[PDB]
Amino acid sequence: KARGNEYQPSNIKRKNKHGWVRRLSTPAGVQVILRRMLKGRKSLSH
Amino acid sequence: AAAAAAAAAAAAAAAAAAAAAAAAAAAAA
Amino acid sequence: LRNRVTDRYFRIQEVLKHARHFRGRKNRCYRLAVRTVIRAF
Amino acid sequence: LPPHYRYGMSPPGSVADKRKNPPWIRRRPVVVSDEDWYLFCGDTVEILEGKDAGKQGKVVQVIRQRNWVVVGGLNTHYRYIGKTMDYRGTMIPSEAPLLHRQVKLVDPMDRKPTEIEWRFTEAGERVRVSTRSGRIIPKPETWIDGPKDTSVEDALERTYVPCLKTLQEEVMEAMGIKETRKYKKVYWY
Amino acid sequence: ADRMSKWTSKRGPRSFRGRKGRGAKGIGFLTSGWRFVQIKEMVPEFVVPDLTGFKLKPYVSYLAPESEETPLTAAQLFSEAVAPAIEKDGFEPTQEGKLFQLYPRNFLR
Amino acid sequence: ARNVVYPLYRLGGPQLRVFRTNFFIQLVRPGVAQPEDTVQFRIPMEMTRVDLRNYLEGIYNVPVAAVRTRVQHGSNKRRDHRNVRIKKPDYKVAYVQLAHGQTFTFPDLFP
Amino acid sequence: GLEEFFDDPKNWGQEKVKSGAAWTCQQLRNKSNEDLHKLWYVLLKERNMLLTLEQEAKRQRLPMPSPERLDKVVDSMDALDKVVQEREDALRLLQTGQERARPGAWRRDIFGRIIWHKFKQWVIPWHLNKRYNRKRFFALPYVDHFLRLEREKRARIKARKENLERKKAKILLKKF
Amino acid sequence: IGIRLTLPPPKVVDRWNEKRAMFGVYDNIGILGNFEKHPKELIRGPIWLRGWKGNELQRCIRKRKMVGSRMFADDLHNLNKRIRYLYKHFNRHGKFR
Amino acid sequence: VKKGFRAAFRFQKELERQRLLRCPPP
RNA sequence: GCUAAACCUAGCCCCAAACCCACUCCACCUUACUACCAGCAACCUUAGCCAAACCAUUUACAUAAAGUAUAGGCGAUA
RNA sequence: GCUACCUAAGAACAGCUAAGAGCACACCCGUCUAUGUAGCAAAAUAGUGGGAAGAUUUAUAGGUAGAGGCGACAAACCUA
RNA sequence: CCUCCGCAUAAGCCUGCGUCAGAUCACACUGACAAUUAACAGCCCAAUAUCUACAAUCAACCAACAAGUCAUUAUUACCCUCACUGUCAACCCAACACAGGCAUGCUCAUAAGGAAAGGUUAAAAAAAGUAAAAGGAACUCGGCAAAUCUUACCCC
Ligand SMILES: [Mg+2]
Ligand SMILES: [Mg+2]
Ligand SMILES: [Mg+2]
Ligand SMILES: [Mg+2]
Ligand SMILES: [Mg+2]
Ligand SMILES: [Mg+2]
Ligand SMILES: [Mg+2]
Ligand SMILES: [Mg+2]
Ligand SMILES: [Mg+2]
Ligand SMILES: [Mg+2]
Ligand SMILES: [Mg+2]
Ligand SMILES: [Mg+2]
Ligand SMILES: [Mg+2]
Ligand SMILES: [Mg+2]
Ligand SMILES: [Mg+2]
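Read top to bottom, the protein sequences are chains 23, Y2, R3, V3, 93, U3, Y3, i3 and c3. The first sequence: position 11 = 57 (PDB author numbering), numbered continuously. The second sequence: position 9 = 9 (PDB author numbering), numbered continuously. The third sequence: position 29 = 38 (PDB author numbering), numbered continuously. With PDB author numbering as the guide, the letters of the fourth sequence map in order to residues 15 to 46, 50 to 158, 169 to 216. With PDB author numbering as the guide, the letters of the fifth sequence map in order to residues 15 to 103, 118 to 137. The sixth sequence: position 104 = 105 (PDB author numbering), numbered continuously. The seventh sequence: position 94 = 156 (PDB author numbering), numbered continuously. The eighth sequence: position 28 = 59 (PDB author numbering), numbered continuously. The ninth sequence: position 1 = 31 (PDB author numbering), numbered continuously.
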């Protein structure tokens, strides 16, 4: 069908999937926010 | 004081992408 | 850049001055001049 | 204000300043220092060179950032002001910046441009002195209040009876408010 | 779907818009019926001094004299708190027994 | 007060009294046809409702009747030369209602 | 009443209100604490008078008749709060011998960095606090590779900074 | 178009500088300095090629084994990649084998 | 900005040849 | 004659020498930037492309001794 | 967050004839033709159709991950 | 003249056709200034025990099967009292002021909401429809399409 509307948003599914406690709750995910603090991202996570 | 006019500001806007592979077609088997 | 070319324009002009009396884009473009001014000589 | 900011004749807070230098210009900066600075606001100085050299006059403004002085009414060029229309408006002579080390300081009685040192005098302590003659040249150069200014009497009263009594308590003692209850300890971590 | 924008209370759904709020310094609690119970003891009361019968004004004159800065050191306050400590030839040990504790800071502003 | 630590009240502790209150206020003209007794203030975000009632009953001694606040959002759409968004600060607005029909009208400053 | 939010009615549209000389803090160090508690409430009644003038001059697009005294009453406010903070901090040094009125500790977060963590004043001990157990204050040692990679980044910025200024001093010495 | 219009500012070079006059001075220090030093020890600069010509590969290997313990984290990866590429290039590519 | 002087000088001299062609001196 | 063209200075790269930086207020592991209440916790050899013209053991991660002794489908190479 | 399948707690199914019943809206799918092919659209529009009280359709949140997931097996589907 | 729509709620977005000034298919963009007011909706509960077989379907017969969507009590504890937040819009997801996608209550043809035609001429070819003498599938791979309703049988 029509296939550009793959992003049907909701703040719950954003924050509970790519939020700060989601990035922090895993030892393999802390290094992601570390890579972004190293690169100097103005938005570390959502 | 020497009188003057208002201030203005103008720029451009550009972006680019790449659509897909392309062009479904057919030929001789 | 270290040792970039600076006098390209005279090397272009030396070719174009023999092709200056031409027709179309051969007389102005360099890439089309040498394919004709060589054949001229 | 950005880094690499060319200081014009305008102050940093003008409509003319934000005409001349909006935030997105990054022109090449100018080159200059040495905080023993002897040219002051209102001195009488003598321009050595340029046009209209050999003249002596008052400096009305110092711009330390580009090491500029501007003498009053001198080293001038005539500009137009306003004019608002296709008519001439008015022409006013306007004064160019004078570079430091173009312009020297004149002796006040010898009336010759000299050079200037800072010797520590016994009077206490450091005023600009002239090289060739002695003759220490000084640092040269009605209000009565209204309803919301105090006085001179009322700002230096020494009301501070200086005890160790924690202002939020010193207020509450004299204000009469009587707290009986006691504050229970919170786990501060 | 911005990552630089400020996450405020206006953004989420109806279970996020009432949960965040601003820095309200909240007052009471919620009790069994979504019934807010305003504790009066957490509402800050404003101890305003009476100002009728006052000498000073918000500005001073320009005719007032200039003085160098006097950083009030702790020893300087000791230099006037020690004034009856020479005639023996004013201190509190603990702060748990004070209404207005100093280091585990108990007052406000 | 604003931008401070609040001493926590347990059960029978002292009343949290403020001295030297940090937040300042401003009164404005309402433009969308407000009634008499209803006067519009601009409040810093961290200030509650009754922290205006006690504030007016303390400092200015005005018989406040009914307070209603509302947070008006700041416009984010403004882009610099570097094309980055600059957001004007959102703020609270109070529609204070006066008692006894004291009927404040907003004067004509710069007449 | 509400008339305290504006000045006396003689100064509406004057383009200057002649009043200067803000309170320098030497002139508050000699005053007593009760006078300061009164003066704060004077200055707060004046800052509202000027802030009304701000958002009203913005509404009517005229300039402010006296913008230069907003910073003067602000200079009074920051003087008064600083000197009251001087007296409070000196008395606290006499009573408990500690600075830094809010308690905290130098602590290491997850990311290796040594922050000053300020305490948050709860009502149960920390081994009972279900939120405070979830904050992890330790290294968990894989972050040391990133600690090195950021320690070197700070040094590279510092190296570029110093090497710029040496070349600037050389071109200035080759100018003068 | 590449060619500038205005001619560039004229270069002054004062050949009687301190460095330009004292260049070469104190060379041949061993052959007429009763062999106290060697002129490879007047060389100043990097720690590894202080008197050693080498290759590009040879210089990278020596720089790794004299420095690489105290080299930076991204650069050590960038030098190890450089030797891992140059060992491939010099011994498995090119003419003449 | 290329690092050159000789090519810019040849251009500056050739422009004089072009000025003497466009408007010759009397 | 329009489009235009030209322009030194921002900075930067390589080394030397030298070991570096965390509290002005408030907020930031819950949906980070949220004043405020009775549970768990870290340690596991790299692999593979590539070379061996395939690939299957194997295949590099001061100077001098020396590419020497040794190792290896005794070969690539170490 | 699309999609495959599942879990939680929800929702909709007009009218007419008399049950994984029939006609037929909403709804969902996409038979066949036509248009369009740098398009209205990186799969659409107009008719025509198939089911439309169920193995339906769908909002919400949650789970399963690549040597894998999931699958009414098309070697599909897993952010064009 | 349309209405295959509209008004709300949820979700998403976050000042995005309010006022003044401005510069430049035609004059939602820039700058400044104003605004969305809780009563609707969120944001909930003091323990420790102990309680809860009989569905929904107008629940009444009547039929069920696939077996269902709602509840306390005992004792202890409790007398502070109405804060915080969402509240705008021509909008969201599709790179677009994009015939697409979009959940629910009403509206079941409307009291809302809209504008297919910039002007002329009326060639080809093209597309969408209307009509047609006589014939009625002779077209064609095939009644595909279009028109009108229907006869019968295979194979899977
Ligand atoms: Mg191989
Ligand atoms: Mg090969
Ligand atoms: Mg059926
Ligand atoms: Mg399908
Ligand atoms: Mg059917
Ligand atoms: Mg399926
Ligand atoms: Mg098959
Ligand atoms: Mg609305
Ligand atoms: Mg698209
Ligand atoms: Mg209508
Ligand atoms: Mg139209
Ligand atoms: Mg027409
Ligand atoms: Mg037309
Ligand atoms: Mg016919
Ligand atoms: Mg048909």
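Keep in mind that a hint or two might mislead.
[As the list claims (entries may be wrong)] Computed, partial: chain c3 to chain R3, Cβ under 7 Å: (1) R47; (2) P54; (3) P55.
[Stated by the list, open to error] Footprint (simulated), chain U3 over chain 93, 3 or more residues, beta carbon under 8 Å: (4) 33 to 39; (5) 55 to 68; (6) 74 to 88.
Keep in mind the hints are simulated off the structure, nothing from the lab. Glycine residues also receive a C-beta, built at the ideal position from the N, C-alpha and C atoms.
Hints and how they fare:
Given the 7 Å rule on beta carbons, the hint for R47 (chain c3) is violated: about 12 Å separates it from the nearest Cβ of chain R3. Annotation: interface hint on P54 (chain c3) violated; nearest CB of chain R3 at approximately 20 Å, more than 7 Å. Interface restraint check for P55 (chain c3): the shortest CB-CB distance to chain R3 comes to about 24 Å, outside 7 Å, so the restraint is violated. Residues of the segment 33 to 39 of chain 93 lying with their CB closer than 8 Å to a CB of chain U3 number 4, which satisfies the three-residue condition for coverage.
Note: the segment 55 to 68 of chain 93 has 8 residues with beta-carbon separation from chain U3 under 8 Å; the three-residue rule is met and the coverage holds. Counting residues of the segment 74 to 88 of chain 93 whose beta carbon lies closer than 8 Å to any beta carbon of chain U3 gives 0, which falls below the threshold of three, so the coverage claim is violated.
Hint check: violations occur at hints 1, 2, 3 and 6; the rest are consistent with the structure.
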